[PDB]
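S.K.: For reference, the chains in residue letters:
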Amino acid sequence: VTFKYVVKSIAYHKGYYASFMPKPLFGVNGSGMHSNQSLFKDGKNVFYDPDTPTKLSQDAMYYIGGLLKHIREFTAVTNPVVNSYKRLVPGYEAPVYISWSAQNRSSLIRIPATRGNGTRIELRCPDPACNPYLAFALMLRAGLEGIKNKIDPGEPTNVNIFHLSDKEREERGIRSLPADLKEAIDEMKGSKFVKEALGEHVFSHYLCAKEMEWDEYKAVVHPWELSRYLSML
Amino acid sequence: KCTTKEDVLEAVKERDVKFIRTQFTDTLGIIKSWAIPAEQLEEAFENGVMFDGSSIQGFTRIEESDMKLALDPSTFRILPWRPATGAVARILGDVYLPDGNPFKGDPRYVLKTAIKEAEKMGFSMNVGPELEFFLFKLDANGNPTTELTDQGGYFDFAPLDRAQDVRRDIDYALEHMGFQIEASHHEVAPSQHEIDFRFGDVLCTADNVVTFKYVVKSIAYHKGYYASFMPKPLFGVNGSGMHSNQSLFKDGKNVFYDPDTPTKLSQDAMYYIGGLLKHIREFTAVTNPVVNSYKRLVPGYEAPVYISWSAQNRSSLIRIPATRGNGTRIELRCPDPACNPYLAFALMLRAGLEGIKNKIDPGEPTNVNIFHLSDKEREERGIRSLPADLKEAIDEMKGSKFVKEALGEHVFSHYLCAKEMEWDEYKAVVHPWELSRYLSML
Amino acid sequence: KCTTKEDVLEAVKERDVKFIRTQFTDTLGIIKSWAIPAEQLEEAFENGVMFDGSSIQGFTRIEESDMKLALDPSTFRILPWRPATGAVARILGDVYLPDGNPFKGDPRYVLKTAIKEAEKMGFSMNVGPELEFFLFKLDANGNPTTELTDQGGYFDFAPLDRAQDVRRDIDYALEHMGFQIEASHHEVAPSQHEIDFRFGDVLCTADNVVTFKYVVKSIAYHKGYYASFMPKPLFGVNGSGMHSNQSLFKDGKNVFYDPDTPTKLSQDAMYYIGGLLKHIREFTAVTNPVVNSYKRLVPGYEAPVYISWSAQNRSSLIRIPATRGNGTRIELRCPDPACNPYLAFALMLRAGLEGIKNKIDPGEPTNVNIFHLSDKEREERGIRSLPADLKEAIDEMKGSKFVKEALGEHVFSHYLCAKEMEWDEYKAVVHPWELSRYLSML
Numbered sequence: 215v216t217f218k219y220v221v222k223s224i225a226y227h228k229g230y231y232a233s234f235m236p237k238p239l240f241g242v243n244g245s246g247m248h249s250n251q252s253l254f255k256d257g258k259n260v261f262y263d264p265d266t267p268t269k270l271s272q273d274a275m276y277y278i279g280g281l282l283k284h285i286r287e288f289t290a291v292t293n294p295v296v297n298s299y300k301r302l303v304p305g306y307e308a309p310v311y312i313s314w315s316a317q318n319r320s321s322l323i324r325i326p327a328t329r330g331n332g333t334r335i336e337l338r339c340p341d342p343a344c345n346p347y348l349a350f351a352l353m354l355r356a357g358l359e360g361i362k363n364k365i366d367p368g369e370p371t372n373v374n375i376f377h378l379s380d381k382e383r384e385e386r387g388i389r390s391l392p393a394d395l396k397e398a399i400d401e402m403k404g405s406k407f408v409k410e411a412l413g414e415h416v417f418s419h420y421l422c423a424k425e426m427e428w429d430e431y432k433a434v435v436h437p438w439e440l441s442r443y444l445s446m447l
Numbered sequence: 006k007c008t009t010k011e012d013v014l015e016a017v018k019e020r021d022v023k024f025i026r027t028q029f030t031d032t033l034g035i036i037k038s039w040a041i042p043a044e045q046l047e048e049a050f051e052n053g054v055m056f057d058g059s060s061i062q063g064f065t066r067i068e069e070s071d072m073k074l075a076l077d078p079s080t081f082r083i084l085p086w087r088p089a090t091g092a093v094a095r096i097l098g099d100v101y102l103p104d105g106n107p108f109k110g111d112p113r114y115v116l117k118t119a120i121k122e123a124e125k126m127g128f129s130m131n132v133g134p135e136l137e138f139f140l141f142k143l144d145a146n147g148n149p150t151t152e153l154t155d156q157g158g159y160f161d162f163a164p165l166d167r168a169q170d171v172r173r174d175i176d177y178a179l180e181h182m183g184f185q186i187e188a189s190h191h192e193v194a195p196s197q198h199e200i201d202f203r204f205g206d207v208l209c210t211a212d213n214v215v216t217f218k219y220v221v222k223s224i225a226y227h228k229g230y231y232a233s234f235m236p237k238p239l240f241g242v243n244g245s246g247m248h249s250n251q252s253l254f255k256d257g258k259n260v261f262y263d264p265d266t267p268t269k270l271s272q273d274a275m276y277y278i279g280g281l282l283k284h285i286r287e288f289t290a291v292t293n294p295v296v297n298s299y300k301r302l303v304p305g306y307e308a309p310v311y312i313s314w315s316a317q318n319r320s321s322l323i324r325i326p327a328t329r330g331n332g333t334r335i336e337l338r339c340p341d342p343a344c345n346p347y348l349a350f351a352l353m354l355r356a357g358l359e360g361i362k363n364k365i366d367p368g369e370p371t372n373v374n375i376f377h378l379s380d381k382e383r384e385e386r387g388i389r390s391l392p393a394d395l396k397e398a399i400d401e402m403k404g405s406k407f408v409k410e411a412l413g414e415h416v417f418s419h420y421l422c423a424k425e426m427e428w429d430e431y432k433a434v435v436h437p438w439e440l441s442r443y444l445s446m447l
Numbered sequence: 006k007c008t009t010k011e012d013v014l015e016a017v018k019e020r021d022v023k024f025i026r027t028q029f030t031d032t033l034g035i036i037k038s039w040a041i042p043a044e045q046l047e048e049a050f051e052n053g054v055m056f057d058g059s060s061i062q063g064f065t066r067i068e069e070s071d072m073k074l075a076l077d078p079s080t081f082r083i084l085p086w087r088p089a090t091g092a093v094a095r096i097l098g099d100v101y102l103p104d105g106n107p108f109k110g111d112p113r114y115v116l117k118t119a120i121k122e123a124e125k126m127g128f129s130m131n132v133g134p135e136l137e138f139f140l141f142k143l144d145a146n147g148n149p150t151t152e153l154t155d156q157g158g159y160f161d162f163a164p165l166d167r168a169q170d171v172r173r174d175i176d177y178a179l180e181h182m183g184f185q186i187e188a189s190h191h192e193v194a195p196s197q198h199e200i201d202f203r204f205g206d207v208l209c210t211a212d213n214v215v216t217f218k219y220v221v222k223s224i225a226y227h228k229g230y231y232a233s234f235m236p237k238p239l240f241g242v243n244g245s246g247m248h249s250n251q252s253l254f255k256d257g258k259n260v261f262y263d264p265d266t267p268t269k270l271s272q273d274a275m276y277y278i279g280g281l282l283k284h285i286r287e288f289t290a291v292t293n294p295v296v297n298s299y300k301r302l303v304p305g306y307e308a309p310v311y312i313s314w315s316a317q318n319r320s321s322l323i324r325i326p327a328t329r330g331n332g333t334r335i336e337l338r339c340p341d342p343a344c345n346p347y348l349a350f351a352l353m354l355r356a357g358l359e360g361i362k363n364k365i366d367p368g369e370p371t372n373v374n375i376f377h378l379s380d381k382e383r384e385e386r387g388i389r390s391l392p393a394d395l396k397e398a399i400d401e402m403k404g405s406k407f408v409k410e411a412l413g414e415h416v417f418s419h420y421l422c423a424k425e426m427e428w429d430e431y432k433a434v435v436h437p438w439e440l441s442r443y444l445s446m447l
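Protein chains in written order, with the UniProt record's numbering: chain D, 215 to 447; chain P, 6 to 447; chain Y, 6 to 447.
Some hints could be false.
Covered stretches of chain Y (in silico footprint by chain P; criterion: 3 or more residues with CB under 8 Å from a CB of chain P, positions within the stretch not fixed) [to be verified]:
no. : segment
1   : 230–237
2   : 286–298
3   : 433–442
Hints are computed from structural coordinates only; laboratory data are not their basis.
C-beta: ideal position from N, C-alpha, C; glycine also.
Model the full assembly from the supplied sequences, consistent with the hints where possible.
M.R.: Printed below as a string of structure tokens:
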């Protein structure tokens, strides 16, 4: 929170603007907030195991399984605005598919090669418009849920998911992140995990406000529509 | 001199250095960097720095991309500007894969293997590069343009307005970073300049060509100007080369010198010229790396479009200057300042080494003007020309076993796939010149 | 119909024709003309007209330049506009040298020797060409632009503003000049159009291709618009081809039709295709004659960039329409409207005749999407590409025994020297695309 207004005020006072929009510009990369995370117990990194082939602990995989299980249900929180889903389209750094991996840098969940006390899990989908208190708490709960209930993450996806067919990925059982805000809202409104994690007051307020933001945006007639249709129809 | 990491940490404390920048290149030559706070540096010396290797090798494939940079203290160099915030330095190092093996895809690594190959035969290689560039104006938004800062010519005393101070400030910045410039001059084209590096060890010299580019650009930007390293920004005037003087040394003596020959050149120098000529066609895509490179490699200017060697003729592809003794050198004239110097010098070193190994005679010199000749004359002489555009240079490299083994397969294929993409984009473009020639005609 | 000079002179008096314009082309396809006052016309029939033959072969060489044109009264045609002064007509002729032999540098004469070669084997050639153009706006000074007149697409009923009336007036002018159009339609690109002509003898049809282009351009100018035959005036939208539909005839019957074969195509229609495939790469310089022609011959649009034939695939370099009986035709899709139609049609004929005579098998058809394949698969299928730029077309034709003999040495060597000059000029131009991509980067 401090960072955003500090960076903005510094830039304004030098004559520039610092923008944290997900997708300010079509056809170039958007801005994400990749969120690397470690869990610690008795002073030691819960995710590290020197004796497994990949040197990841079992709780690391359970933590990943929990994130994979619930992420669709709080994309509405990590990707909060209409513009967020112009970043979550294929073609750029943004991860639009639900999977984990160590090898593929573009998987939704990534494991960097670092081991030891610095073993970490990178969750790549969030963008800087999200409330970080709500995002980090939901990631933490989801990971905790995975560990308590021993949620297997399945197999890693080591290939390019974009370069697969719609059936190829359904053969793999690979799901998508919600395609727009309305879709993220509908996934979250029906989630007991999200509702209990946020509490009812936050859950309901957040959803009513975002539902109003979408109901405003969906009626706008954009200049792209005039360019495509005015001569045509 | 910086020798140990304690040398660098003391200098950081003593000279109030607050930021350290890394300095490296990608496969295609673009200069890469990330900034390190001085507070993070002692940890950086201890454990190396993790970073994304897509910075060097790109995104187009699924390949290992967690890399580790180990900082070389002896490359610590303070940049020649002093923000109120405090001083800034650059540093280089070696890139490793998570298993602990060196990453073969870093161009500087590619150069280091070439240096090892010559040392296996006794030699180490010096280079003194001659960097040409234009100084242009900025538009109202501080955007680069090709607008001239003078109408001067070859060795003129020009410019003589506010741009005279910018040019002097560029020379000053590099010299007092420790480049040890030999001489700078106005070059043939309007607004065109050249700075002559010191003849030095090839590895450290390649580090310097990268530093030179962003130091010059940043100095000029902050004075209201633009420094351009495009091979050919302007039709109808000289393009900008990076001629590359080079020699080999053994036991501290210059092996290109032989006092007891008429030319006072050893035979190994002739075998080295012979190797360079045998392979130059196959890596023109590395020395001349962009589509614009081949607007400079056309007849009529300083650019050599014909494969030949000469002592006398300044036109040759390879020229041997008059200097003898310890400064005996071979000048290769075709490279332009967009190349990746790590790869360009490495391939030069490997081509010449292959000549000395296989005793490749260079043939006779060519003391005539080759542009004045007819095709049958050049054909009779066996005077072949360089690739005429990037695509031809891509096709030549792709077939070359010599370039592949010298670069390594990862670099070899990555380089060709990216140049093949740039050419396919360019070749489809309908250019204004076509509308002028044909719109009213057809 | 006019056949004698008495017919034409009778028609000139009756219709009040005051101007008689000759109509020919130079080696490179450019339309050429001089105006004869209808008072001079009776002497022109009696004695011919002396003119400088550099109008055809250019000034490059010291060669005979005092040519005589003899008017063919059967080629007399009144133009579809009526100045206050009286009517205008075009007329063609046969060009002779002072010794009395035909000038062999006249492209129309090259078509006649190709026609002569076919009649020797008992055949004649019919062609119905499909001509594409853009209809663009003029600027305030009346000069051409690439500004659109509509944003319609394939077979759209567009334009519906005043450009609708201009399009109708173009079709009406050609129809009432005796062209007998089959149909016209909006083509894929915005502002792009096509006109399908009726099948006629190749000589009659080539004459009409030349008339068509200046008739259309003039009618458009006089309504305030511009008709463009550039191969690719705009990036990212379709280019314009001149699809060339052809059949041979003998004894009153279509040589390509065979009722008894499974596909109803005769064996000599297959040999004609095989000889076209064998040689098409050798005269893409003729069918695709300017630098811009190779901005249309890139993958992504209607244009065919691979060498193959097919009946099922609409896109192949050679396609066979479903039509049978006397309307059985072959359709070669690579030419564009910049090509000199006399030369394009002449080589098309010679290649097919050579296929028939030498029994040249065309191989199996390619019914798949070639652009969807990978270069490995295309190699496995023996699928070569067309030359990718004017220069590679120059080098293919420069080595062709078939093209040199079909055209004659004069036309062959003038064409190549002129095109090589065009390429050497273009290959040096530094284009704004290059500044956009490189200026800030290097």
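S.K.: Indicate, hint by hint, whether the structure satisfies it.
M.R.: Hint by hint, here is what the structure shows:
1. 230–237: Three-residue rule met by the segment 230–237 of chain Y, so holds; n is 5.
2. 286–298: Check passed, 3 qualifying residues.
3. 433–442: holds (count 9)
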